[PDB]
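Apart from one protein chain that is not included, each protein chain of the complex appears where it belongs.
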Amino acid sequence: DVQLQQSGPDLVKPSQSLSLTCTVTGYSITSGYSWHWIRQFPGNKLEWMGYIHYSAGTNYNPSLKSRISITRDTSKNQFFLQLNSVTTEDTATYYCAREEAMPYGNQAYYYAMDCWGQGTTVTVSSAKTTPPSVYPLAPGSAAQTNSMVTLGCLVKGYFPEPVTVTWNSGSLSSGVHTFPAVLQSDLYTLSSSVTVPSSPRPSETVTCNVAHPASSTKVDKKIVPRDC
Amino acid sequence: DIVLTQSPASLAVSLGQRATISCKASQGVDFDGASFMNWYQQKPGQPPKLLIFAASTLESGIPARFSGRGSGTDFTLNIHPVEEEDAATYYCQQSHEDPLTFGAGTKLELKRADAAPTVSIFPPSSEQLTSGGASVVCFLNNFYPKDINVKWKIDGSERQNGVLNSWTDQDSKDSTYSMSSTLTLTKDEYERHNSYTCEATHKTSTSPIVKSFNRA
Partner (left out) sequence: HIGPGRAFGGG
């Protein structure tokens, strides 16, 4: 195949520098017409950031000109983005992308941005990295038994985003709902819920797997009936 | 700069319908017989994916269900017929000049038949209580339309303090919406009451949906 991978910090204190890396696997940066950088703020607003031509030259969005710089490394085949004097308005998801010749018309090319990386979430804050507290949410133990059961687990008080929740190490895909986090006093709260048939739980239990990469935290809370 | 005004922001189309996203530009965007507009669609948690480019040339791997057209300052994208794996945000974008720019996007939500919220309420985990805090969680799952009104009620009295809610987008499968509502309290405040009610108010019902419990 051909894939680009953004790599870099999750949390940068304001007034420092952002240095992201985009690793290009299966294509020499040289074979590229141009490699870009784009970021997307909360609310999904997209902003083209700048790029570096195959001729090693660059072009940057004016609004950032003063403090942005895009370079590359032929030998390791990855290009970089550096951004100076980061403020809270620099918190968004960053993506590197490729621009290439696309067959337009007859025997004619047309350049466009066709392959993008996963994106990496960068948080600009002075707050500290906090591991989450994971709490199992088992059905009331009175309001249970009947029909189809809804289970769930609360992930509270962590920073920064993100955190991944899955069930039974990845099995349970259907019936799962994961709600976007919410900030209250600079710590996150998020809850995931899974609706299973009254056949499995209790016997043949479920477990929520929470992984908070910024704090290298991986927690497994096995949901069990309440003794209420 | 060149501004891209997309219309409209919100668009709801039931299955097998016709989706029509416009996208006007501040200056014209043609040149040498090519029109530098493109379209990407982004699904929640995914990178934008290139659909059409150069106004009408569809990118390989894309179902011929999608259509691109327009010239000068006006452009357009249409879906025929709208599928479930078509709920996303579409963004037009110009490669006419640097700096390249994008539009705001258009959330395409698929219409479905009214469905009611399967409410579910949970008391604090015995582990949280030890920790002193006290979260009471209420999931309002798989409903439609997206408009629901949730109200918490302790011993008959309403309570907005400690309440944080969150929503998911359209659920790619059943095209429904879900919601979490969390009431956070101190162990001493939870214990200072009995009845705890989550009360939903939805289009699919006349009387609210209650679901509660009491520390007893």
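First chain written, first letter: the chains are A and B, and each begins at residue 1.
Criterion: contacts are C-beta pairs under 8 Å (C-beta built on N, C-alpha and C of every residue); 3 or more make two chains touch, one makes a residue touch a chain.
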Given A:5, A:23, A:59 or A:125, the one touching the chain that is not displayed: A:59
In chain A, positions touching the absent partner: 33-34, 53-55, 57, 59, 104, 108-111
Touching residues on chain B - with respect to the absent chain: 29, 31-32, 34, 36, 54, 94-98
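Everything that follows uses one rule, which is that only the chains that are shown with their structure count from here on.
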Whole-Å gap separating chain A and chain B, where each centre is the average of the chain's CA atoms: 18
Residues of chain B that touch chain A when the two form their complex: 34, 38, 42, 47-50, 53-54, 57, 59, 89, 91, 95, 98-102, 104-105, 118, 120-123, 125-128, 131, 133, 135, 137, 139, 141, 164-168, 171, 178-180, 182, 184, 213
Complex contacts: residues of chain A adjacent to chain B: 44-48, 59-62, 95, 102, 104-105, 110-114, 116-119, 133, 135-140, 142-143, 150, 152, 154, 156, 177-182, 184, 189-191, 193, 195, 226, 228
